[PDB]
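With chain A held as given, fit chain B with the ligand onto it using these hints.
As a plain string of letters, each chain reads:
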Amino acid sequence: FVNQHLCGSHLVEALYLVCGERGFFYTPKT
Amino acid sequence: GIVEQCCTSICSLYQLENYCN
Ligand SMILES: [Zn+2]
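One line per chain: the protein sequences are A and B, in this order. The numbering of the first sequence is my numbering, which starts it at 1 and goes up by one. The numbering of the second sequence is my numbering, which starts it at 1 and goes up by one.
Every clue listed holds true.
Derived EDC-like pairs: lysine to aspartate or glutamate, alpha-carbon spacing no greater than 20 Å straight-line:
| # | chain 1 | residue 1 | chain 2 | residue 2 |
| --- | --- | --- | --- | --- |
| 1 | A | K29 | A | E13 |
| 2 | A | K29 | B | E4 |
| 3 | A | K29 | B | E17 |
Interface residues of chain B toward chain A, partial, derived using beta-carbon atoms under 7 Å:
| # | residue |
| --- | --- |
| 4 | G1 |
| 5 | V3 |
| 6 | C6 |
| 7 | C7 |
| 8 | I10 |
| 9 | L13 |
| 10 | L16 |
| 11 | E17 |
| 12 | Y19 |
| 13 | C20 |
| 14 | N21 |
Please keep in mind that the hints were generated in silico from the structure rather than gathered at the bench. Every residue, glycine too, gets a C-beta built ideally from N, C-alpha and C.
One chain only, chain B, in its complex shape:
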């Protein structure tokens, strides 16, 4: 989920956008 990808690890702008509606 988002925590694992973007907080534990680092996310690109594109990966963060996967959590938009």
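Next comes chain A alone, as it looks inside the complex:
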């Protein structure tokens, strides 16, 4: 897997790819 800073929409796309059917939560003010 890439070793880079993942921000904004790229971070959301990375979670969609990694999590698959599980889905994910994106909560930036955490």
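The following block gives chain B with the ligand in isolation, referenced to the frame of chain A:
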């Protein structure tokens, strides 16, 4: 949260998976 770990800093595949349901 995710921004601090994966955008400000760099995350491994394992750390990104902590945000899966
Ligand atoms: Zn971009």
